[PDB]
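*Asks:* Each chain is listed here by its residues.
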Amino acid sequence: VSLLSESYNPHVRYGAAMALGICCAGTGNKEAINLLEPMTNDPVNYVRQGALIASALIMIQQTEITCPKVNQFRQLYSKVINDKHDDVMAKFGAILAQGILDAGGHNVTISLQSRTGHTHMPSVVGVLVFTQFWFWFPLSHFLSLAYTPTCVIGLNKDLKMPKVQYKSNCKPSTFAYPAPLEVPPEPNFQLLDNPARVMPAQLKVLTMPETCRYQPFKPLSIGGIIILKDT
Amino acid sequence: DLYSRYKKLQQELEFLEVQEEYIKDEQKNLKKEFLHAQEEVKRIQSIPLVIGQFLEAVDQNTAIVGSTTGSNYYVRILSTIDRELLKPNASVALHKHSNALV
Amino acid sequence: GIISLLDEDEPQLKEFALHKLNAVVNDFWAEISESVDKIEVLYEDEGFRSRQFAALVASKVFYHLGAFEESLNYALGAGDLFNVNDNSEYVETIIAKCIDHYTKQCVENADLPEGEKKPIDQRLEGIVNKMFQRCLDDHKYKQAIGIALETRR
Amino acid sequence: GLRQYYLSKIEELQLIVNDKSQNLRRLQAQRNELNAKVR
Amino acid sequence: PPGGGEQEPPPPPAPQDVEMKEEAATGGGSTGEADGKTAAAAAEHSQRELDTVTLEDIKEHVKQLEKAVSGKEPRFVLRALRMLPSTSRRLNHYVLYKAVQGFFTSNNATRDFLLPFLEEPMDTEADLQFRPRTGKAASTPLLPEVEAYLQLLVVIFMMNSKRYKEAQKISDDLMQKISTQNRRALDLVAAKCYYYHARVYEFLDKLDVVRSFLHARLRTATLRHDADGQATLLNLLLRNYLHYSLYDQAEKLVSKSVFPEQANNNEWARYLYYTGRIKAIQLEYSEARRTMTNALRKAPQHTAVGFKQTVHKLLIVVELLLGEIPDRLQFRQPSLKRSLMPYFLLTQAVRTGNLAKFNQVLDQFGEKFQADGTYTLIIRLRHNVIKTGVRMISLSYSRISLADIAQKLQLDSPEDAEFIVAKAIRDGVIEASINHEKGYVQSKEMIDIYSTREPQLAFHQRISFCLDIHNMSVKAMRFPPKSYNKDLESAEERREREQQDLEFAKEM
Amino acid sequence: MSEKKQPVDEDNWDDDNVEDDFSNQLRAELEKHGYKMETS
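Protein chains in written order, with the entry's author numbering: chain A, 637 to 820, 871 to 917; chain B, 39 to 140; chain C, 7 to 159; chain D, 19 to 57; chain E, 18 to 525; chain F, 1 to 9, 40 to 70.
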């Protein structure tokens, strides 16, 4: 599609960016960010816009260690929304890209795909219906079906929360946060409760609870909810 | 594993067959597309045409002319002009506003 | 030179002719490569005892000259003399077509098995599960996990 | 055979990869020049 | 001793100076960039290997006092060459034996000492899996033995060194040649060692064993890989079968490997000659004079004495068979003064209409034409001489007696000069009638061959071909098209200034 | 480059065509015509 980013029309140049934005949005694709880097430079307002939409979808819940272009683009949405001489269509992808980029407090994410291999069809309908903001603006408000969490949940009975506190092993900077600035010696053992967010790339870096009273009967590989056998 | 080494490799021939035919479409497709653009540009040489006189060029296809208004300009030119038709002291044609060679 | 006595009409000199078709099948292999192909004459003849080995050496010489399925039909119809050796750079030549026509036919047998199926020449599937047991017994199960898909069975 | 039926199929395909690939390589830049002339 | 001591010690380090940067760089690139990386994209050690042939073709002549090549073998055979922590000492070992040549005395390899220079696939962790290293470190001593050849107590050392390289060649024939240029990189080494192999182990030894070994080498060729084994194994098959009279010309007709697909313009170039003499001995019907001409025009700038004499002779030898002849001796460089005079003296008789003048050549240099072995093709030219004569006279005179042409053609018999003339009518050549009763052979005046549609065919042969060479001047042309990075339309910030000042004039 | 295996080892051209045709023919005319004067 990078070859199609140089079409002589800005329509196919426009749809190329949303093609990457629907393909690689679950990944911090360094290649796709590399392709979307000059896509904001085009003299057409709506492909500058869709460059910001796909630039928002590529890096949700990604803090600076999946790819360093996150904070390269945080300054960029403010950079284009704080100009007066821009297009409303231009900065519209930025005011859009904020509510996309900080969705749910970095607790929800997109997923057109289960761990099982099956696709997540209401997220599929949510993104296809999300494409047609052209001819109705709250038509792409049908997006909440795409928002899916990234959190493990432990459980032992039909209702009772357990008290499990496991940790991690790998580089702990991956557990970075948004951390707003609000202007008017390193722990890798991240202890977690039952409703704790975790990156799917951080599902492999955690430690299983081996010292708690609880032990998971299931091998912990997916997030969501599992039985956590009290031992 | 040796088993994926042939199936995944005929997978990309099965993928690869749709690229040379597909741009083989584009050997003619931007010919028949391009000729739409080719005669399209000449609208500027409509009829409200003012007259300059060619003086010299800095480089290929960007030049300096002497207008019949008395002043001189650094102008651009139409590409289809045979450049070897230029310069006895060439009576040239200028756009009245954008002020380039016609 | 031994090609000259292929008109003896005594079923012992055909046998003696094929005595010299396996050890010396690299020099006048060039000679009888395109001129004489009377393998199918004695092979289809009622003269037995000498047709069994005849399709072997035609499967040798027709292999290298592009007559691959020609070497494959004679490869099937050559018999017990044919599959007796897997200690050469030649078993690689013949199972490359046998398991080829096997599984590319077995795609159509994944299409319509019921009716108009394979008239197998009883080794076309026999060396399949034979060498597949060699996969099962030569400790390789990254390929025993794979040829069991290759059969589509 | 895997060594001597199945590895006999890696030896054949790669030749079609390398030259039909290369024909595509020539043809795409051949289009790309024309795209430059277009825009 | 000052004379030896002032001209002999600089030879050793300056060949060491070039050999630490040509094939120590082929050591660092052809083993780490082919056995471990791609060499099909980077095949420069093939032509670098050509260079390490060419420099060493005329690099060594002498019996090597001061151990300037004879001390290289105790130097360069002690090689692990496994990995950089095992070759960082080998880079020192390129220097340490200079003290063995210079401070001490090394082992003077003089026709006897090659055996302790051969048994190192074991000494200090030498291997056989890096056959880009062990075939190059096979060839690199397999060359300088057999380069000067030294047929005095060197044929068995050469021979056993060929046995070791043949063990590497069998490991090449059997053991993991896929995608490594184990096969491909050592088809050049195998191919070039076929010539020293073929210049000790052909004419001095039995070639007919290398026939069946070469049929096996061709059998493992074309299955696993179709390049570089499809090429050399066929001229290298051809070169003594042509010298023989074996059937393998028609086997070369029915052969599949007749095309080896762009065989590197050296084997490919000569290959067309090697198939040209095939239809020479099997009766040129003007089929292969284009493949002789093509073999000639694909031949390089080196010297004519190699084979370019013999394609320069044989190329026309087949057109003397047709009847056509140009001036051959037009480029008197190093070819058109030495080896022509019997052969241009031959066609000097052919350009005459004389009969026994051909015999006056054929006795004069019957043996010189047997020195090459063309004489069986030379012997059949009396036919084209006499057809040259009958086209000459039949074109010249019109109503001429047959009782004149036997005497003028010194045929000594008019009674069958009815019959040579008669078959000259029969086979095509001349048309009109003989008054066999009278004796004059009349000939009609056939003019206006233009409206006869022959020169339209003389066009259309060349119309199509000239269109084709324009097509090839197109197809060879479009590789350049590259580095076309960005078709930038105008700008971005100056477009913002254009809409800015445009907004000023629009509010204005 | 140029290894080139060895199995064996104007001013000229207008002169070469007139060498072709003008090859072996009487070489020395000052006397041939002067002896055809009385014989012919």
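What the hints contain is simulated information worked out from the structure, not anything from laboratory work. Cβ coordinates follow ideal geometry from the N, Cα and C atoms, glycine included. Possibly wrong hints are sitting among the right ones.
Derived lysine to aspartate or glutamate pairs resembling EDC-like cross-links, with alpha carbons at most 16 Å apart [to be verified]: (1) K4(F) <-> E164(E); (2) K38(D) <-> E77(B); (3) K44(C) <-> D92(C); (4) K44(C) <-> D86(C); (5) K209(E) <-> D68(E); (6) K354(E) <-> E3(F).
So these bits of chain B aren't anywhere near chain C, every CB distance computed over 10 Å [what the hints assert, rightly or not]: (7) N67; (8) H74; (9) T100; (10) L124.
*Asks:* Run every hint past the structure and note whether it holds.
*Replies:* Verification of the supplied hints:
1. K4(F) <-> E164(E): 14 Å, holds
2. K38(D) <-> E77(B): Violated: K38(D) and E77(B) sit about 36 Å apart, past 16 Å.
3. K44(C) <-> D92(C): 26 Å, violated
4. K44(C) <-> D86(C): 21 Å, violated
5. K209(E) <-> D68(E): Cα-Cα ~13 Å, so holds.
6. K354(E) <-> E3(F): Judged against 16 Å, a Cα distance of about 24 Å means the pair is violated.
7. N67: 36 Å, holds
8. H74: At roughly 46 Å from the nearest Cβ of chain C, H74(B) sits farther out than 10 Å, so the non-interface label holds.
9. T100: Holds, because the least Cβ-Cβ distance between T100(B) and chain C comes to about 62 Å, which exceeds 10 Å.
10. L124: The claim stands: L124(B) keeps its Cβ more than 10 Å from every Cβ of chain C (closest is about 65 Å).
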